[PDB]
Amino acid sequence: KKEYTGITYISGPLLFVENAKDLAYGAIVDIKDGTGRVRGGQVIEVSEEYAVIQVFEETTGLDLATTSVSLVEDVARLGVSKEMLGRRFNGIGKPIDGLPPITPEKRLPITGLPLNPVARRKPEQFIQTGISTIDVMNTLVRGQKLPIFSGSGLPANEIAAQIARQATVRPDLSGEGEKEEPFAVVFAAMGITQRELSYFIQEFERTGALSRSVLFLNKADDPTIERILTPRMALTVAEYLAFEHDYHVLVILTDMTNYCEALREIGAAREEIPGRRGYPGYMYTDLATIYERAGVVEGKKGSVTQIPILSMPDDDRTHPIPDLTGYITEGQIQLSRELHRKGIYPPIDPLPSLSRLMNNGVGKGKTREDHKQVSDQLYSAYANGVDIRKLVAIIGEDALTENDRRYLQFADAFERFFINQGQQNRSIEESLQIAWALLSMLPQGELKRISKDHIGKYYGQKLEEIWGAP
Amino acid sequence: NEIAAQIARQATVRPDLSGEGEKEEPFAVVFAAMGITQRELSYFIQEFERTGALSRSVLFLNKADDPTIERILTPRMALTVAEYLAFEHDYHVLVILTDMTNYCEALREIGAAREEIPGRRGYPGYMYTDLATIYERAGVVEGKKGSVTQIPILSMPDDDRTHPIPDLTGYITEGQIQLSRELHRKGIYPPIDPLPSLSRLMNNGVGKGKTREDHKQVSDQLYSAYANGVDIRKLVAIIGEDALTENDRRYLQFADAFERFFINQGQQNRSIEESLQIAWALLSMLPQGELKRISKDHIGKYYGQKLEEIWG
Amino acid sequence: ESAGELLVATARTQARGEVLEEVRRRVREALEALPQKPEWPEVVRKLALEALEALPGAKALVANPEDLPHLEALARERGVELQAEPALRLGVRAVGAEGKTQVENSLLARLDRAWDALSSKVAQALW
Amino acid sequence: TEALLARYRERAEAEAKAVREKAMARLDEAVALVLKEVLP
Amino acid sequence: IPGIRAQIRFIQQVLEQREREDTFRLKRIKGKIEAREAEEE
Amino acid sequence: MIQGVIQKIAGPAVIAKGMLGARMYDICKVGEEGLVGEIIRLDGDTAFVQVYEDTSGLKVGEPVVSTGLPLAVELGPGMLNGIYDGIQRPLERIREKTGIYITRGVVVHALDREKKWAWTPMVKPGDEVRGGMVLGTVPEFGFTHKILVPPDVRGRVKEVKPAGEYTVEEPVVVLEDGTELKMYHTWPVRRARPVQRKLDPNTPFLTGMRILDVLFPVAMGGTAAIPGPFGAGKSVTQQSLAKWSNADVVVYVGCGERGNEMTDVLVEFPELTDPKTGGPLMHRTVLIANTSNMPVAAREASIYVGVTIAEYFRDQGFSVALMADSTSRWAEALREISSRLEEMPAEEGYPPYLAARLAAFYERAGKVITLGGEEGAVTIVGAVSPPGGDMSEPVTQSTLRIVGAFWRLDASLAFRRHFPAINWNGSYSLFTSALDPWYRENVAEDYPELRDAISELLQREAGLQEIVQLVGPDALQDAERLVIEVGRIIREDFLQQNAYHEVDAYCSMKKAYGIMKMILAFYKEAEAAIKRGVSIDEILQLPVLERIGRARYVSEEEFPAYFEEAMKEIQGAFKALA
Amino acid sequence: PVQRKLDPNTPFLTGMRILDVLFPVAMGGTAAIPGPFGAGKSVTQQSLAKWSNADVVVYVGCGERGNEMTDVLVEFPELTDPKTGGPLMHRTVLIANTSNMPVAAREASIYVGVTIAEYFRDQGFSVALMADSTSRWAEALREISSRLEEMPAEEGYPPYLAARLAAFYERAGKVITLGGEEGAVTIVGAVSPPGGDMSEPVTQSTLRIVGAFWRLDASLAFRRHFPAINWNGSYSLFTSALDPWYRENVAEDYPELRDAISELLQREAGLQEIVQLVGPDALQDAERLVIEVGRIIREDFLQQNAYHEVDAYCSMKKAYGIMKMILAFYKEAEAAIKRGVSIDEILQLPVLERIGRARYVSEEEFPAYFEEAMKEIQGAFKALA
Ligand SMILES: Nc1ncnc2c1ncn2[C@@H]1O[C@H](COP(=O)(O)OP(=O)(O)OP(=O)(O)O)[C@@H](O)[C@H]1O
Ligand SMILES: Nc1ncnc2c1ncn2[C@@H]1O[C@H](COP(=O)(O)OP(=O)(O)O)[C@@H](O)[C@H]1O
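Residue numbers (the deposited numbering), protein chains in the order written: chain D, 5 to 474; chain F, 161 to 472; chain J, 61 to 187; chain I, 81 to 120; chain G, 169 to 209; chain B, 1 to 578; chain A, 194 to 578.
Calculated directly from the structure, the hints in this document are not laboratory data.
You can trust all of the hints, since none of them are fake.
Below, simulated SDA-like cross-link-like pairs (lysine to any residue); rule was C-alpha separation at most 25 Å, straight line: (1) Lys394(D) x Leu457(A); (2) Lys452(D) x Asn498(B); (3) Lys181(J) x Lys116(I); (4) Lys97(I) x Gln74(J); (5) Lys452(D) x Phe230(B); (6) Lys6(D) x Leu142(J); (7) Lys98(D) x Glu77(D); (8) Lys200(G) x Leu267(F); (9) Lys305(D) x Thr103(B); (10) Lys97(J) x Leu134(J); (11) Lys182(B) x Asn81(B); (12) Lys452(F) x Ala462(A); (13) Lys370(F) x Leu272(A); (14) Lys531(A) x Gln413(D); (15) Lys243(B) x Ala414(B); (16) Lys200(G) x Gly11(B).
For reference, chain D alone in the conformation it holds in the complex:
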């Protein structure tokens, strides 16, 4: 429609356009040059004299004589529909699977309105992830924000794919329940490479998990503003589904470190003085606006659950990114380099991990009544086992008592059978059975943290229940 041709300055990612006071702040524009190619851009500052536009991609062919700028949209919006399930997008809503575009039921602003605190309710139901070290000891509750802390060489992508493939609800354990409750997975990847992109595509298509999933994939060579936009679009779709069609959505964010770095670059490009250690001052508020979009709402049947994934920059928990993610999320799951190098997958370390909402999603009427005590006993026993393992290197095996030797054997069996489950999908009952089989190695009466009725009901099973087909 209406175009502006008064370009007066082009440098780096920015260009200035004169007599453009009709452009709203934050608007999305299209930039066309003499060759007819069109680029994207966002308005970052509007004045009476000129407007400043941050250009996506690159400014190679631009010139001050032939370039023109045209408006696209006042506010960034996304078109959503229930037909998005089974589709892949590039991070700004553009399809990349070769299928025709969807017809939106409505168009919603990607930035979200905060939930009213009086409209929320307490999370009270769990999600079966199929991984024993998460289901039993760090249970994920519907409406929680439980991030995963990983390192540079650890296999976080494999764990993300496995959880996305295996996650499900268990209505039968909640009294009678309803056998039909919709479940969906929203997957958002930021700054991934071609290899990771191919791996994710293959994993989602080879097992049928694509039919219930919406994928937003953003590559490492894509513009950084698209990386900024990707999680917000994913969460917009998730909120729409959950709170308009009563879906139980699970959102996975592949790497928030890439998001933080892109945010830092964007802030530096707009001439803003950085805060602590070079990161933007408003980093906490931005991460809060992302994370705090999950939960359960009173009077609604849907829910949103988030699992952020981030690589600790130098295996340091003091770094601003993990530290600020800790302030906003409820617990964390931390991977161990030692377990990974020992050949154990998934390399989840129970001792530094923690789930802060676990106590509300377990018990009677959900999972089983022995869940909490079994988890506590496993934690204490594993801690004792690792301590005795450290001591036996010096004082030798013969100098240990019988209980200490039993604890050491328990720790080895725990590492070999409970943590190292491979690609196997375990229901919660299977994990509880394996936990009781491991606890049976310890003598009865050493189990301080379990009540007598549970021991009488479950103690006494042999490890061959799982050792036969681990």
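With chain D held as given, fit chains F, J, I, G, B and A with the ligands onto it using these hints.
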């Protein structure tokens, strides 16, 4: 300064070993001083007069009371003269630059006056390029007889190897000779610490037909043995010396003897043959099976002789 | 298994995409058939009037020389100037007073900018 | 089995042809509606 | 333990000082840019 | 009202021109949607307004209007039983008229303008009124709300409305100057409300917990700090303080909590029961709620809004308990705001004026004589949650420099099922000596000496831990095993207090005095018996141990008989023993 | 442009045992090698140029010494192509922008090299691209930004440094050419952090996009232990995808041997924490055996001489044989110490020197040496009984 003067006094090629044209051309010295004090300058002048080397020397003197900004020009003038002499009159030129630290200080003054983007600790961002424009003017050119060899001298501010000046210099140059304050405090001269030192062009000029066939393996074995000795020195500071095994005691004794006999020579001129003999005498302390880096032929040829046959 | 259902679903989606793109081609043919019919003066005059309303401080009116005689009535009414230009057909462009801003009211532009909303409605019309 | 996959493919082809004919049954009305809405 | 703790605190102080100096430099250069733009165009 | 137009937009910062006459830190409405913001800089004919919500979609040329007043709260009837955000916006009515989301530019009133109130005058025409006096009363649940003249209003009463039903808007009193006085008035949140005189810390703040009331007491009008380790039962202690303290009104402020934690606190309180009346506890509380994704300015102003409301209720003549949760989050918001203004940081990135702001917040507490001549007090208990439990954080360092007490809540004790899980080795209190005369005159003249003896026993028990660690406890001789056992008895029977029990949840000072007397008497008799030559295992099976242990669970009125019976049995059992 | 990207399933045989075994890199993958000055980046890159199995090698000397380019120019014509048999220089392209050359050409040299590599890939070859230092490119960008008077980020670098690095590194991969052929580009880039600080922005940006990471240690370089790879800090994400190729071309149990070696190294690293506290003599005999086996692995398998006439290159089968010998000796020693044979006597067994010196055996003499050494391993412990 003492080490630089000694190197300039004793430097010589060995044509008889390499079989090249037996000639005795003396080095020409180009001496550039930047922010030098009167004490050091007088020492250098007296040393050159004593050795009689002033007639072959060109001196560019910028004392500490001279203007600071003049230091931007001194290394370039010295290197221009050196290049002219070497590549148009077939001289073999040795260049000594007294303190690149003062050069970097002048560079930082100018950069801060111009509101440049600093690197680390306020030094300008183009300091790497500026230093490369100076260091990279040495070398040899095909079809010509002359050569330019550089021995820059710089002071690490707090003995901190990670300071920008030593860091960039190490990233540009082709090795470094690092001095140790611990060795100096023990009375060892020259206090050259072998572990942090490095010579990138060492493999080009050593071996059979250049110095001797056992040179590289002897050097590697000495390095490994000294590292083991230093680690055991660290260990005895915790578990006490009486708790050592016999092997660790042997390595500790080797490290002590190395520091007291190989590094510490004083003001004496050792030929390469003497140095190799001393190195073999030191290596003979260790059991023959501990010399993994050396081939059995060389061990059979040289191992066994004791240190007392040299001194005592 | 569900793989055959996936084939059915993707075939349905591809058929719907073919349907919509063929509809788009027929619509574009019908729109480009307008300049050969006596109905084009009224629509181009209305589009030019809307474009001039879009720029309150518009200075000049610019179109292909075929339409300038029809736009002379608005040029004398609104007081703007007229100059020929081999620009896109089925639309009239205007130039602001400053010479920096510029509006365009091509019919293909309206089709491109309205098809996003029209696709959802015509999906019901087709089925 | 391959026979079931062939049956699914034939069913998809038949349904796609039927949907194509159904769309052809209303192409004129859709074109007229689009032309009516696009015009001022 | 106390010696390593003191060394850690010293290194933290040094890094924080360097960060503060960097922030000061950035503020000065941004002030220069803004002043030049708003005064000379 | 000063009215201008938008000139430049860049993020939340908007530059408006034509605003000559606008005043610094006034609240302005930006754009056609009326987004609120603050003026932070004036320059010539322009003004720099910074908006709270996002500014996407705004255009140059939209109107900007200035209200002419700084950030302020409305003080009057209708605040009790209410839930507010950081800038006093009623969340319930926003939910009613907007849905589950908080859309931008919503307009609601802090006090309902439609509810009728039972006015009851207390003045007559011709009377002279000064700021702080009582004009009339209105029943608000179990309270009698006193309509106070604003602190800066003086004049003579001209007309008074008769008793009846009115909203908060009808002018009930009009002065000879023509000034109209309504049931409410507004007050800036950053200016402390005036008083006549600040009294001394002479009376205690009874929390109902034995450990806090005895070992680490806090005076009425004092200040305290408490850490926030996970799993330590901080919320249980906070709601126990709300239920059982001698405060008349409770103000709870959550400035930056997580979403689910705010959900827990917003769901639990409407279920608690007020012990004094049996009705809901919510009828005497005000809740200020803020999650992490709410605007930064609200999170920064939440504590000031809370303390201003507390000061108002103090001026009415009550005693108010103010609980601020996670002041670390408030400090984080302050740091972000300072960063947006490009200020040079100090220490760990915080602004150099962090300590000044913390002192300004904490120093509004104290027992005062109100302008009406009555007595009122405000007590502040602020929670501090360091990044990793490190006490070297600048926030914690500046907080511990001004508070009067510090109750180091510990997670290790909670792991061992010791509740309340308060570590008595790291805690301290600076109010004991000042409160001593009140104890001597109100509970007993011997109480301070008994408390010091109990603390000495605890310290002596703590001193023996190295030997018990290195050598098994059974190897120890009698004189040390006795002190170990009496310390264990103290921990199990006096320090611990079950908050879910019907009668153990609340304990008076005299009950604590009796329990301490019994424990000290038993220890003294056991020491005498040990000096006489009896075996310790003989002492460990005396019938008096159960009598001491069950002293917690006896009723309050039934206590004195039980106390004297056990004191008699203390001598009865030991004289039978050799 | 290309037609389609492909998954990597074929190793890039560098010729170094540690890189080829512990931290493999696929044909179309990317790798990085950071370290301080003196660590051995340039020697490693020249060794990869000499001994790798790529069809064409493109070497980019961005902002480094001219003597290195001179050494390459003088030596490469006299060497032999490992596969073709012709002169080594006939398969090599050099782009040189030395330290004292103009700064603005440092950015251009990287693009020129990658474009030439992509062209040769489009022809249907497998190309290996060696970037001598990307830190010089970053410094040149910083200098130009300083001239522009821009707002810096982190240590003065321009904000778009990470975007530029990602755009450069994403050009690698195994593809289907527009002509229907198949080719690949492998990128190995060296990093020069200031002061060896791995927290520097360029190194952190490189961490997030490479598939393999080879960290160098200054402590190992000081004691002249080369290639001086920090095993605790290095990793490789291509290990799982290359397993079928190893099973088909090296040995059916090769991944198991590699896993055993990795487990032994990790156990040795764990025990060294106690060793640094109480000393080796405080440990039990099994722990001492683990420590000694770790030392043997460090000194006789990971160590490799770049200038030795035979140790310079190593095949996959030679490494497999050495690993098999080490594992067999470890099993025998563990069995012997389980029945009470002292460890302090085992360390003087004569076959230890044979295991240690098996590196220098020729590639064709090796299998007989391996058979004799395995039988001698069996005999040295069977003769004890
Ligand atoms: N004073 C008390 N009396 C009785 N039980 C208590 C008391 N304090 C804590 N508990 C018990 O111990 C638990 C403490 O652990 P929990 O994590 O649930 O605490 P919380 O009150 O939610 O606080 P926080 O947020 O610090 O974890 C309480 O839930 C309760 O069961
Ligand atoms: N594999 C190796 N074998 C022998 N010597 C090596 C090896 N790797 C490095 N070196 C030595 O290390 C020195 C450092 O040189 P270089 O490899 O250029 O390091 P960088 O480029 O990391 O500074 C070289 O001169 C060489 O002497």
